[PDB]
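S.K.: Here are the chains, one letter per residue:
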Amino acid sequence: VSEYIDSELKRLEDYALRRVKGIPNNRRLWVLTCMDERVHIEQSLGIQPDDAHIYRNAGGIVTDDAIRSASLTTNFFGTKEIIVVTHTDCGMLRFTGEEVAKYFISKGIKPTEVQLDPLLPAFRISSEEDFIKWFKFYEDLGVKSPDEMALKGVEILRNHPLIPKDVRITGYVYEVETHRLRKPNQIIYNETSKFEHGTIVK
Amino acid sequence: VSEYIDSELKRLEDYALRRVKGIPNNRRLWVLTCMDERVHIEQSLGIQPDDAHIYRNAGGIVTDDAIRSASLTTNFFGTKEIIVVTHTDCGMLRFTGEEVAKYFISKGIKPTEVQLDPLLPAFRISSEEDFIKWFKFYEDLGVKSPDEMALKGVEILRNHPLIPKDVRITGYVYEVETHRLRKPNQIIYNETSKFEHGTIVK
Amino acid sequence: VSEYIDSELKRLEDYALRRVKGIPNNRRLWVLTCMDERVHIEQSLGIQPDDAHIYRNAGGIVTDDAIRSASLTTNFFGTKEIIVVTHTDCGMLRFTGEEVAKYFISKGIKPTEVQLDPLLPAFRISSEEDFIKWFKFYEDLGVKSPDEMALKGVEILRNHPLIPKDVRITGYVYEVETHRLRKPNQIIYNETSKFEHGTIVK
Amino acid sequence: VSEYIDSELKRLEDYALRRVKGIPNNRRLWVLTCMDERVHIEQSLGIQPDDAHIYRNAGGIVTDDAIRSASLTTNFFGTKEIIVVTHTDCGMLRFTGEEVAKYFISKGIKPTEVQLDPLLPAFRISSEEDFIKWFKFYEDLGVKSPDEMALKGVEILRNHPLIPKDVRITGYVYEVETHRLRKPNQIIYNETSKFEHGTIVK
Amino acid sequence: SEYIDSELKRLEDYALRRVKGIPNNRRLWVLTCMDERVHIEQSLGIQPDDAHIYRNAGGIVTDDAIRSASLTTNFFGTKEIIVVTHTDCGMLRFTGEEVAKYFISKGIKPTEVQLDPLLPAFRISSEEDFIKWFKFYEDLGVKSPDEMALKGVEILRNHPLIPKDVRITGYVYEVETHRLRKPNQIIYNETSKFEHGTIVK
Amino acid sequence: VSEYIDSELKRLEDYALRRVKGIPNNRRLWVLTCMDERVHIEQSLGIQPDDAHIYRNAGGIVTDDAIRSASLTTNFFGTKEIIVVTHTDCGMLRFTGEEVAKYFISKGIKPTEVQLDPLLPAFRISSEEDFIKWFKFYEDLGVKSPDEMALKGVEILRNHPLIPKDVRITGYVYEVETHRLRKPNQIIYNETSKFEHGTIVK
Amino acid sequence: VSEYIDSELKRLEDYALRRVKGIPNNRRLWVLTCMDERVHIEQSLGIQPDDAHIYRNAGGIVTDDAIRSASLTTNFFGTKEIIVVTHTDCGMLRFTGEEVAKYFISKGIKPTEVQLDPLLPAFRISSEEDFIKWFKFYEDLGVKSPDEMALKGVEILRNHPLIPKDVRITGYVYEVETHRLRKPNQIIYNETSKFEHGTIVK
Amino acid sequence: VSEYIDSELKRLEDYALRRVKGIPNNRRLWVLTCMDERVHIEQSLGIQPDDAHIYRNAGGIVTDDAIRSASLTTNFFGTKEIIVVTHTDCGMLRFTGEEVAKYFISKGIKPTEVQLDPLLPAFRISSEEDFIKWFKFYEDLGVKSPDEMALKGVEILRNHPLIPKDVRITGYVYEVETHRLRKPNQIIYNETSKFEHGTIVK
Ligand SMILES: [Cl-]
Ligand SMILES: [Cl-]
Ligand SMILES: [Cl-]
Ligand SMILES: [Cl-]
Ligand SMILES: [Cl-]
Ligand SMILES: [Cl-]
Ligand SMILES: [Cl-]
Ligand SMILES: [Cl-]
Ligand SMILES: [Cl-]
Ligand SMILES: [Cl-]
Ligand SMILES: [Cl-]
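Chains as they are written, first to last, in the entry's author numbering: chain A, 2 to 203; chain B, 2 to 203; chain F, 2 to 203; chain E, 2 to 203; chain H, 3 to 203; chain G, 2 to 203; chain C, 2 to 203; chain D, 2 to 203.
Worth double-checking, as some hints may not be accurate.
[Stated by the list, open to error] Covered stretches of chain F, as calculated for chain B (at least 3 residues, CB under 8 Å):
#1 43-50
#2 133-144
[What the hints assert, rightly or not] Which chain C residues face chain B? A few, computed with CB under 10 Å, are given here:
#3 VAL2
#4 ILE6
#5 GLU9
#6 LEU10
#7 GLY23
#8 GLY79
#9 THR80
#10 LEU152
#11 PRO162
#12 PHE196
#13 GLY199
[Said to hold, decoys possible] Think about it this way: if two alpha-carbon atoms lie no more than 25 Å apart in a straight line, the pair counts; the simulated DSS-like pairs of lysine-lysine are:
#14 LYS103(A) x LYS195(F)
#15 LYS184(C) x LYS11(H)
#16 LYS203(E) x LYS166(G)
#17 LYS22(F) x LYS203(H)
#18 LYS22(A) x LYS145(B)
#19 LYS103(G) x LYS22(H)
To be clear, the hints were calculated from the coordinates, so they are not data collected in a lab. C-beta: ideal position from N, C-alpha, C; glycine also.
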């Protein structure tokens, strides 16, 4: 009876000390996605709780923190695959950085002296236009759709030198209205409601 | 029967357009936690995915992207509660920025000229000591434990201009060895395995 | 125990002899929908097995048989509500009557002499143009979408003298790619993937 | 992980465009059955939702619409099996066409003028006898039972040129009192409650 | 302690129901068939401890049925009797003449065979009586299990050994549907022919 | 799918007409047991619903009806095994035939002229003493226990000319206090509550 | 969200520190019973996992350790009820102290210098006859049944000064053959398989 | 069928008379653990009740009764494995023998005269310090933690001449705050909340 107990204790030790012992996540996967509450990421990727490192922010956009996190998981925690997942009805496609900056300026905030990263004072902007850009709203970045942002994020990570390129990278769009992924720019909803010449079953 | 169908259609319409219509998440909650695969945050808070905007990065540390994200959720998306959740066996407590810096430098990386935020060129460091600091490992920030990091995060968020002062902020530490939250510095294990004078039952 | 047995047998008798005893379906409902295997109609309407009379044909289009069936359920079996449900990727929006007629003529069908209703010889056509229109493909009827066809079906039934004025009628479109209904012409999939000004959460 | 996601996206595209791509239902099966609420057809045939095209009308009787729908499903959508399912306590075996006509005539209807198919004006009758016959009640057709009607349907479809002769056609009767099919004319209930010579077990 | 003691008394009562004068949970006695397809408790919607269930070949009223029914009603407090015949009954597939000859072929002498070893007083003294003893439906003039259920109800209703206060009802177990029906009330035929229906108002 | 339906209907037909077609019960078994409500016979024998013919009377005692029934199942319905099951706290071991006789005499019953078997007039007793024996109470038959009665039942059936000699016969006693069978005269309850010299485990 | 968490931590703290904080078991119960593997005590007593302090030894016999443990649970941990459960087929009723003492002596054990309690050297015997008594076999204590032993245990604990007088004490016997309790010396089994005059149901 | 019944009666007879027949528990296992209500021992060892003899007292401490019981289970009942399981928040680590003795002495108890083992007069202490020592509180025995007590108990049993050499002995500590066993002095909880140099995943 004791040999099973000993076995299960060692298993529990490995799980509790993965980052000490150099054990990766179960699918060696890292996911860049959205903090949005409707983006239920795990079921749409077909993954289990311990399968991936899931990074989440406003819009699922590549920030310095996204790169910081991506660079550690890949280089140090054995991640070999990245999946970028933007989503539909994203808040970053509902406002602009100009509106947001003016909103804060009207409450007394001063973009030039606001401490954007208290733990890293080296990061300053010294411009109101850089403060607008910092929020990373779609229209300010010149992006029209989450599909375009998914591919854009894939490209940024693909070209960045902090990531090793044995790593495979792919981008998808989460559809909040159907809780399902699509490939960027592959929309079948217009095609199914129009005439289209079908073929006879062989 | 059609009226049941009509109300359910309006229900799913609002769900798909929450961000246009000004509908918050179900608990008006925002969580700052870790990307670690063993941190099953929803289960440990007793919530469903639709209840919160969950921000996740390497370490559950307050970054500019965390502040960016938290600032938008609180001011524009109606979030009134923030919960910071660090975790045990955090990868950020297993290495130093000095180790990580020398690793990348050994692969030909140049700290001063690497684009840390490609979409925000204004993000620049011009120093190796700043590059080491940018990774935000615990020891380099002077933090000894996830408990201390949970309390540090809450304190920064509480004193930040971009976050409303009426937002309720709280800290916890996710224990990967038990899949359970604890309050910072309130660890039940040590106390139960030593002598402590008991009380006679009344 | 005998009293319980007897009341369950009465219950069985009424269910087995609803049509003899003048008992309607559980929701006094009649559905016109499509035979398509992807149209799972009951779950999309939010009803149970015994709730409705469900009429199904090629395309969910109003035919004489549909009118015959609706006429009997409304006037004699006590149905007070009608729902019409067309669907996406319908076979009737994928070919033309020209195609189908040409195919059948090549296999030896005589448009004028073929028995369209073997049990009712009074139904005759005497033209190849009538044979094409009889198949009721969308393009031949001048209908551009399932949304348009759902509304057309509602109107025809709404204005037909064999269907009582007191019967309430509504139309919907079944989406095969989401297994869910929509109101005709209410498409949000374009709106969710492009910019649209949002409102701040109150 | 992405490969299995891409594999699932392709599969869902095929499902949404079956009629474009020339993909049949999962059984190549077509069912002519009744609209009656007590006829739970899929349960009785032991089939899953995507298995068959299911036509449903008043009585599960072969009409022009059923033939129309059967001709398309077999020739164009690759259906290789037809099953005709009538049912017990069918409303078409509870009334006559004469009753129904007199009822409608008393409410100002004129058999010769009423448009039986608004989308096909070429369908005219020019007689009250044809109008009475159009309702397809069992009595006016000389059909005594759902058993006899199921076989009549099978016969009609077997010898119709719009349905390919290599399609297998079978008939059954749905018993609403048992929620179970039976073969036509093979009713076990009489046989078990009379005297009948048995055989000794060896 | 007190809840264990209460449970101990409950188990004692259960173990000694016949000593203490405790009836079954429904005061019910069921006369039914031995057939393996007659799952009687399920069909009556009853739990195991609800009824005394008498079972024989055919669910036919015999001296043993009257004996058993007499004790359950008068001494064990049964107030309800349910008689349940069934479809495809073996007693409706053969006759006593067939079965008699079969045993005669195997060298059994109807007059000599001891029908109740524990009761020598039961003698028949005729070959016809031996045939009637098997109680096949034909030899009793019964066409259906419906008729046999009604006949069994009628016999028990009129018998002086069974209290007149007791409720007696008959049913027919349908093996093809695992369900009961009322005698002579068969829905299966009525649903498959023309019947003047009524319009819903 | 017709082949499947046909195959299931045949399986129903054989089950419904077992006694016509000459099909035995599943384990070719007949059981003589008691009508007592506490004797849950099937689960105590370890059998399923369709496994056995179960005969039940007042006391699990061999009577003419038990012999009649057992002769038919063995000779005609293919039963090759018999199991007799008496039980603890049997009502037949709780009263006497003399007591029951007196009770009925007080209600005005005439032992000479009571139709003991209405369907068989040839059964008569012509004695007060035979009326007492007819009830078959344990005391009157000279039976000490249910153990003795189970073995006495086995003997009677084993020596009876109407029951085939190759039929296997075994006796048991159902313990109502523990819902479990025992072999006759195997009482271990005394043995477990007193001293008995055990042996060292090898 | 943070309120349910704090509340669940409080409950976790109380549970983990019941002995420090002076919380009793859920029913204020202490059980003296046997180590035997067939004695499933909690289910026989009808109690839950956190209801009782369960003391278990060889035989369920009152030893110094039982008194030690009983006096602490009652005086300091708030236990107000005691239940003694001996069992049938107890190993202490299958052997004698003499043969066991002889067994150990044959292995080279020296009764007068064997440390019976290494943590308490004050416990000495200095006699082979004391060694025999120390094992506490039923025959050496003059106890003939588990029923007598249960009552003896109750009486010893009832008169002991280290056990409070307001504590309620009750004795039972666990039947390993039935997995069930009985009152001492009340055997149902002998009464059920014998004749006994019953009563008519009123 | 009787074949299965006779086989199951043999199994139950063996089960009821294991001590007579010389049949061990299912795993030949003896457990020394605590009477604490929170210690759910069988689920933590992955065993069923029939798998082991479980000794339980205040503390899970090796008393004379523990040795008595262990010597019988090992030598006579075939036990080949011993498992010692102390626990966290143990009452024996919450008070002292001095306090307990004082409590009893003030209530009128005379240490030297009280019968510590009524059935064994040979057990005498003749000292107040021995009375304090008799309770076996951790502090008096010089034991720091349940971990230390688990190893102590294992060592005492392993060196005792009444327990065979070949019996395998192992110690664990049950954590009430996680219902989980750990190896003595192998605590992951402290290691996971402080810095420790990790290794890069290969
Ligand atoms: Cl987002
Ligand atoms: Cl992390
Ligand atoms: Cl269709
Ligand atoms: Cl119908
Ligand atoms: Cl197709
Ligand atoms: Cl039968
Ligand atoms: Cl034999
Ligand atoms: Cl024991
Ligand atoms: Cl020694
Ligand atoms: Cl000596
Ligand atoms: Cl304890």
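S.K.: All hints, please: hold or fail.
M.R.: Each hint, compared with the structure:
Check result for the segment 43-50 of chain F against chain B: holds, 3 residues qualifying (beta carbon to beta carbon below 8 Å, three or more required). A count of 0 residues in the segment 133-144 of chain F with a Cβ less than 8 Å from any Cβ of chain B is obtained; the coverage claim is therefore unmet, three being the minimum. For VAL2(C), the shortest C-beta to C-beta distance to chain B is roughly 5 Å, which falls under 10 Å, so the interface hint holds. Look at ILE6(C): its Cβ gets to within about 6 Å of chain B, closer than 10 Å, so that hint holds up.
Against a cut-off of 10 Å between C-beta atoms, the interface hint on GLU9(C) holds, since the closest Cβ of chain B lies about 8 Å away. Here the hint on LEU10(C) is kept, as its CB sits about 6 Å from the closest CB of chain B, short of 10 Å. The closest approach between the C-beta of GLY23(C) and any C-beta of chain B is roughly 3 Å, which is under the 10 Å cut-off, so the hint is satisfied. Interface restraint check for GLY79(C): the shortest CB-CB distance to chain B comes to about 3 Å, inside 10 Å, so the restraint holds.
The closest approach between the C-beta of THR80(C) and any C-beta of chain B is roughly 8 Å, which is under the 10 Å cut-off, so the hint is satisfied. Because the beta carbon of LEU152(C) sits about 29 Å from the nearest beta carbon in chain B, more than 10 Å, this interface hint is broken. Using the Cβ-Cβ criterion of 10 Å, the hint placing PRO162(C) at the interface with chain B is not satisfied: the shortest such distance is roughly 18 Å. For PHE196(C), the interface hint is violated, since its Cβ never comes within 10 Å of a Cβ in chain B; the closest pair sits about 54 Å apart.
For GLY199(C), the interface hint is violated, the least distance from its beta-carbon to any beta-carbon of chain B being 50 Å, above 10 Å. The hinted pair formed by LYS103(A) and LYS195(F) meets the criterion: a straight-line CA distance of about 23 Å does not exceed 25 Å. The suggested pairing of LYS184(C) with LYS11(H) holds, with an alpha-carbon distance near 10 Å, which does not exceed 25 Å. At most 25 Å may separate the alpha-carbon atoms for a hinted pair to count; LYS203(E) and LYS166(G) meet this at roughly 15 Å.
Taken as a hint, the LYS22(F) and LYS203(H) pair is honoured in the structure, with Cα atoms around 12 Å apart against an allowance of 25 Å. Note on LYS22(A) and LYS145(B): the hinted pairing holds, with a Cα-Cα distance of about 20 Å set against a maximum of 25 Å. For the hint linking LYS103(G) to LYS22(H), the alpha-carbon distance of about 21 Å falls within 25 Å, and the restraint holds.
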